[PDB]
Each structure stands twice: as C-alpha cells, then as structure tokens.
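Engineer: Single-letter residue listing:
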Amino acid sequence: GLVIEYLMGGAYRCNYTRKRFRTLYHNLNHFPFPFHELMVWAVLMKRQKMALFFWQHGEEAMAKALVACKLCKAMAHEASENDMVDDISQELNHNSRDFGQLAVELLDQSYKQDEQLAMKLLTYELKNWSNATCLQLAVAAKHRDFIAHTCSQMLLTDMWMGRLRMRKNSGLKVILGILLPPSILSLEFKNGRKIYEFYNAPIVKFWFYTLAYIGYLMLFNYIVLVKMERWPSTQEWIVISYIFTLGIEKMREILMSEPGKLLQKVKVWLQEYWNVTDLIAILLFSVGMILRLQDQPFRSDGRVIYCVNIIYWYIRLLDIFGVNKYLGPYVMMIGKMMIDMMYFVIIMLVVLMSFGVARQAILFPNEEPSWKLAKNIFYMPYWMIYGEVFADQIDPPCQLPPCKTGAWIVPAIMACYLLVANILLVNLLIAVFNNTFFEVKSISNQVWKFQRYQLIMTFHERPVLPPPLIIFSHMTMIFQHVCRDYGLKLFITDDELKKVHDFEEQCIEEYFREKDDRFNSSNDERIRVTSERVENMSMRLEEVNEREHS
Amino acid sequence: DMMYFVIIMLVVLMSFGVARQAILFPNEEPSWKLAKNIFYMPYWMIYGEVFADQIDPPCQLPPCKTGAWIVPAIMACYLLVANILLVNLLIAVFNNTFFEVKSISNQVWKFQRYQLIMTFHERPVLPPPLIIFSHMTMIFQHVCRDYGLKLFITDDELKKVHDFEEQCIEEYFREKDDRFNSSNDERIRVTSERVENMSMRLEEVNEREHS
Ligand SMILES: CCCCCCCC(=O)OC[C@H](COP(=O)(O)O[C@@H]1[C@H](O)[C@H](O)[C@@H](OP(=O)(O)O)[C@H](OP(=O)(O)O)[C@H]1O)OC(=O)CCCCCCC
Ligand SMILES: COCC(CCO[C@H]1CC[C@@]2(C)C(=CC[C@H]3[C@@H]4C[C@@H]5O[C@]6(CC[C@@H](C)CO6)[C@@H](C)[C@@H]5[C@@]4(C)CC[C@@H]32)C1)COC
Ligand SMILES: COCC(CCO[C@H]1CC[C@@]2(C)C(=CC[C@H]3[C@@H]4C[C@@H]5O[C@]6(CC[C@@H](C)CO6)[C@@H](C)[C@@H]5[C@@]4(C)CC[C@@H]32)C1)COC
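Chains D and C, in that order, give the protein sequences.
Letter by letter, the first sequence follows residues 561 to 588, 632 to 794, 861 to 1067, 1080 to 1164, 1177 to 1243 in the entry's author numbering.
Letter by letter, the second sequence follows residues 1009 to 1067, 1080 to 1164, 1177 to 1243 in the entry's author numbering.
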C-alpha cells in the first residue's frame, strides 16, 4: 500500500493503509473485488499477460486501465532513475502505452454506444480508487489522447458552461449579464438562487476576470502615457491595488497547493512559466513603485520601470486569448517556432558582426577606444536588413574630403551581406517553417485540448470576484477560517452504480467481440488459414491416392 | 486566416508603441494624439519605413531622456517578432491549407455557375443606365420557358428517354455487381469458405472407408 501511494501521486491513498484494513490486518478475510487486487499484483510484478487477463474480468475496467498506465509509467521512471539495464524501462513504457491504448479504445466504444452513460462513466466517484474520477486518473497519468477524445471534450464543455443551457451563441450573453444585472433572470437554467447559480459558472468568472484585466490595462496605459505628478492619482492607485491584490492571490494559491511542505509547494507552483514570469513582473513593479515615490531622478527611473513593465502585461493577453479554439494552437505554434528560429538568429548574428566590424574598421581608422565602437557594429548592419539600406550613410561619397584607403570594398561587402541575409537565410527559414508545420499543428491541437481541463479546473476553484476587488473574498475566507457536488465528481446511488457497471461490462464485451471479428476476417488471416488447410488437404488426398485396393 | 493573425500582430504593435511613446515623451498633457502615436509609426515601420533619428532620436545637443537607450533594444525584438516569425508562420499556414481551399473553391464556383446563368437569363436586355425603358415596358404589360429552364418533349421522346434511363440503371447495377464479385477480398473469402467445406468433405470421405 505504501509503495502504491508512492507510485501514484501525492493525493492517492490506497485501501491497505486505511485504518480499517490496518486494524483487520493487525489481528491476523476476503476481498469484495478480487480482480482489483490481482490486477495490481500482476502490474507490480511486471507480468503483462497476467495483467491483461485480469483486466477484462471484473468491474471498473477503465479505472483499472488508467491506474495500470500510471503505475507502469511510475515504475519505468523509477527504474530509469536507478540506472537499471534500460530494457526494463522500455518494457514498462510499452506496458504503459498498451494500457493507455486499452483505456482509449474502451472509451471510444462506450461513447459510440451511449453518450450520457459514457459521460456518467467518467465523472462518478471511485470508492475503491481513492475517490478520484476517471478524468483525474487520466490527467494524473498525462494521457493526452484520453482528454482529447470527443466525449471528454463534451464533458469539459458541460463543466465549463456551468448551470446554463445556452449553446448556440454564448459569450455575448454572459457579457450582457455581467454588465447588466437585470438580465440574469432571462436565461434558461439546467435543473434569488438563480443569481448564485449564474455567478458561480466558470465561464462567468472567466469573463469577469477578462473585463477586469482589460480595465486594468486601460488604466496602466493612461498612467504611463500622461504626465505623472509627485503623488499617485486615482488611476495609479487602482493599478497599484490591482497589482497588490494579484500578489495576495498568488500567495494564497501557493499556500493552498497540493503538497504539505512549504518548500515542496513552491517547487510545484514554479513549474508553469507564466507563474514565474508573473512573480518577476510583480517584483519589478514593486521596485519601480518604490523608486517612483522619491525625488526627480528616482521618479524618472521608476517611470521607466513602469514603461518597461507595461510590455509584459500587454503580452499576457495571449493567455486570455488561449481560451479561444483557434487562437490557442497558434500561440503554441509560435512558441515552438521561436525555438526553431533561434539557430538562424545565431547564424545571422555571426554574418552581421562579420560585416559590421570590417565596415567600421575600414571607414574609421582614427578612433580612440570608446564604447561607441561596440554600438556601430550592431546598429546599422541590423537596421539595413529591414528596409534602411540607405547609401551615403554606408559607402559615403569621398571639394569632397579625401577617400579612405581601400574604402571601395564596403559596397562589395554589402552586396554579399544582403544576398546572404535576405535571399539565403530567410528563405531557408521559410522552408524550415513550412516543412515542420503539420507535426507542430497536430501536437499543439492535442496539447491545447489537454490543457482545457486545467483551465476549467483553475476557473472552478477561483473566487467569484475579479482581482481588483478580490480583497473582499479574501476577508470572507478569514471569517470562514475560524468557522464538490459537481465540477469534479458526480455522486450516484447503488442502483445507478450497478447500471453503470452493467453498461461498462456490455461495452467491454462488445469491444472484444468486435476486435476478434475484425481479426478473423482480415485478408492475412484468411490467406494463412487457407494455406494451412490446403496443405493438410493435399497431404490427406495424397494419402488417399496412395492407399488403393484396386 | 489573416484576420486571425492580425490580432497577435496588433498586440505586439501596441506593446511596442505604448512603451516607446511613454519612454520618449514624459511631459505630455492628455490629448487624443497620444492614441495616434501608438499605432501610426509602429505600423508604418513594419512595411519598410524604418527611420532612425525619427525613432531613437539623437540626444548643442538636447539632453537625453532617462532610459532612452531601451527603445532601439525594443525595436530589434519587435522587428524580429513581426517580420521573421509571424509573417513566416502565416506563409506556412497559407501554404499547408491551400489544396483543400482550392478544391472547395473550384466546386463552389462550378455550382454557382448555375445561379449566374439563371440570373442573367431572367434579367432584362437593357443595361442599368438605360434599363428604365424596359421597366416602363413592364408597366404596359402589367395591364395586358421554351428553353433556358426546361425542355418540353412529346410522348414518344418521353418513352425513349425512359427506356434509355432504364437501360443505364440496369447497366450500372450489373457493372457494380461485376466489380464487386471480381475483387480480391471477395475472391479470397469465397476461396477460404470453399476450401473449408472441401476439407470437411474430404475428411468425411477419408473417415468413411470399407477396405
Ligand atoms: C477582447 C477580448 C479578449 C478575449 C478574447 C476572446 C475570448 C474568446 O475567444 O472566447 C472564445 C469565444 C468564441 O466562441 P463562442 O463561445 O462565441 O461560440 C463558438 C462559435 O459559435 C463557433 O462557431 C463554434 O464552432 P467552431 O469553433 O467554429 O468550431 C463553437 O462551438 P464549439 O465547438 O466550441 O462547441 C462555439 O463555442 O468567445 C468569443 O470570442 C466571442 C466574442 C464575444 C465577445 C466579443 C467582444 C470581446
Ligand atoms: C486635443 O485636446 C484633447 C482634449 C480632450 C482631452 O481629454 C483626454 C481624456 C483621456 C483620454 C480620453 C484622452 C487622450 C488619451 C486617451 C488614451 C488613449 C488610450 O488608448 C487607449 C488606447 C487603446 C487601449 C487598448 C489602451 O488605451 C485608452 C485606455 C486610452 C485612452 C483612450 C484613455 C483615454 C485618454 C483625451 C480636448 O477636449 C478639451
Ligand atoms: C566613451 O569613453 C569610453 C571610456 C572607456 C574606454 O575604454 C575602452 C577599453 C576597450 C573596450 C572595453 C572599449 C571600447 C571597445 C570595446 C570592443 C568592443 C569589442 O566588441 C567586442 C564586440 C563583440 C565581441 C564578439 C568582439 O569584441 C570586444 C573584443 C570588444 C570589445 C568589447 C573590447 C573592448 C573594447 C572601451 C570611458 O572611460 C574613461
């Protein structure tokens, strides 16, 4: 039980380590689900045929497949970390892939048979598997091909829409409800309290946060564009309050993380790059504000830090855009193409420096050592490949001052430099982007459809008020400090549980039967069976012909 | 597709423009020209109007603004993102989604040829500048399709057309059945079944002997 809790994750709790089983085992019965135990035994002992045999017998087949995939992945990682023979790691990874494919195929069959029962199969609480739905197990196993399935996407859409029924033209109606409160009681709701049901939907929280962020960006632009006085104005105080409350919210999110150790929670929070960049930006804004409330030079330095910091908050609109179906994969494709582009940037930088050093050395042979020498190399050779290729700034005409010795090579060097930079490297980069686009596009689609779950969960967990006035919700949590019906799970009775179990057994039997029928009717199997039967028939007929009494 | 990419381009452009205008001009009263300097020159810069000393001005010499060296450093990154990354990704997007768009456009144009022909069959004979004469003619005919849509035929021609259609549909079904029967999959399936039955029969014959 301890090793299963170690392999699965932080929150998992096996049945062996429960107090009831510990008390039963201290003074030493049977198991209600024997194949649940035997499947885990066969998985932990690295017996794939036995595990595949035990998987198809019993209830909760999809949960067993997902748990087996996670266990095999964890065992492979542990074996690789302990410098094994490296064949054990490959075998365990193949076992994990096989179990993942089994889970995906079972989900496909279940969704193809019935839709509502399939969506009920992915959300009911699993008593025997540490109270975690199939979605949580599939996410913990990083199974991208499971969350990207159509049924999982429909389930995520239903969880995202909250308790509202509108599906044709949404978004605008949510904005109308947020901006005009006397329009909430005009929408259809799934089966006084209507306001609470409206404002707790993830989509309404998302649009509230979006509008607050747009207003904050507007105020930031206003305070940086116009002249700043000795003390902050009202808009500047609103911007400062937004930054401060966002920092408080980040601290609260860190404090309420999954692990139990303070330093362990920080490490798991500093995994997404957005969190690290947000921390850096908030710290830089605090430094700029500290410098801003001082005399004139420090005030100018703080204003310049504001002007630098506005760029990051403008860039962070792509995180808001990532909710859109078409603007998410494009942003991720951009992220991958930057890594593809860095190398050609390096090569072009080499060529640019090569031209610039020679031009500056030839045209200016009487220069004392000053740091402007390091600026003339990069400045104009970089600007000239973007449409500033002006002559007489390069290649000066030299009534006229005397021409420098050898100052005719410069037009010849900037005839090869432009040809290399604008005809060769950029066209090769275009070809590289062109021939590596299909794989990047497919990967981006899969990863975005996977991360939809994290988006929906983090907007289900978040408070209802946007960051500029979220301080009220934090004070409410203080009062509740001294004091999931849906969105994660879906609790059902025993009759519904039995119906779900029967549906799953029917689906898995149909899946195996259809797979066997497909295998038996393939051309290769028909050819093989026909060849064997023809060989046996030829032997028998030769025996008959040899055995004659006349 | 281009309008989907223009939003990201506009985000980058606005970030650079706001940063530059805020760095260079810190003593500006609130006027609507502040909302114009953000879009104007950052937009013209990516179409070949990169003009140093109009951006990054040299500063007998007026004093340099605090942090004015940041502006060309932001310009380098802005130009690299706008003119090397997003435009090349847009080229790749246009390149990899061209075959389907081309085929769909061909089919849709060949479909809409019918609507073009019908709307020019229905229209009056005079062009719009002097179409008022034809409208006045319709007024006189208000108080008063041999071809182009249909083609009326007699009973013998109708029977001939019916017989031709019956012959065509019979030939279509016969050809489809002949194609199906001679496929490799059907031949393999029939051969396997006949081999199985023949093996059963020969085993029965061998098991049934009298000498
Ligand atoms: C400044 C905005 C910054 C945030 C960025 C904008 C935030 C954002 O991008 O949200 C996405 C959402 C768009 O989707 P939206 O809810 O309107 O509706 C989708 C749309 O009808 C598609 O045509 C549907 O099929 P497909 O997709 O063609 O296959 C899709 O069905 P499904 O397949 O999903 O079931 C529908 O979901 O909202 C808007 O952008 C409408 C603008 C309304 C407000 C306009 C004013 C902002
Ligand atoms: C010439 O004389 C003008 C004068 C009127 C002066 O009133 C000023 C009031 C603030 C206002 C409306 C003005 C100029 C900058 C304007 C900013 C530009 C910003 O752009 C936007 C740009 C795009 C947004 C994404 C970001 O912000 C605004 C938040 C911002 C914005 C529209 C806030 C509004 C500002 C005019 C005449 O009347 C007596
Ligand atoms: C304005 O007054 C300046 C003065 C300080 C003068 O000291 C000089 C000492 C040499 C030094 C540091 C200076 C200018 C050119 C500098 C070169 C630029 C080159 O670039 C690099 C560019 C990139 C590299 C790949 C190639 O070399 C350097 C080898 C090179 C480099 C950094 C060597 C260092 C040079 C400044 C003030 O102090 C009293």
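It should be emphasised that the hints constitute simulated quantities derived from the structure, not laboratory data.
Hints may be right or wrong, so weigh each one.
Claimed, not checked - Only part of the chain C face toward chain D is listed, based on derived beta-carbon distances under 10 Å: (1) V1020; (2) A1060; (3) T1086; (4) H1162.
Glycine included, every Cβ here is placed at the ideal spot set by N, Cα and C.
Engineer: Can you name, in rising order, the numbers of the hints this structure does not satisfy?
Structural biologist: 4
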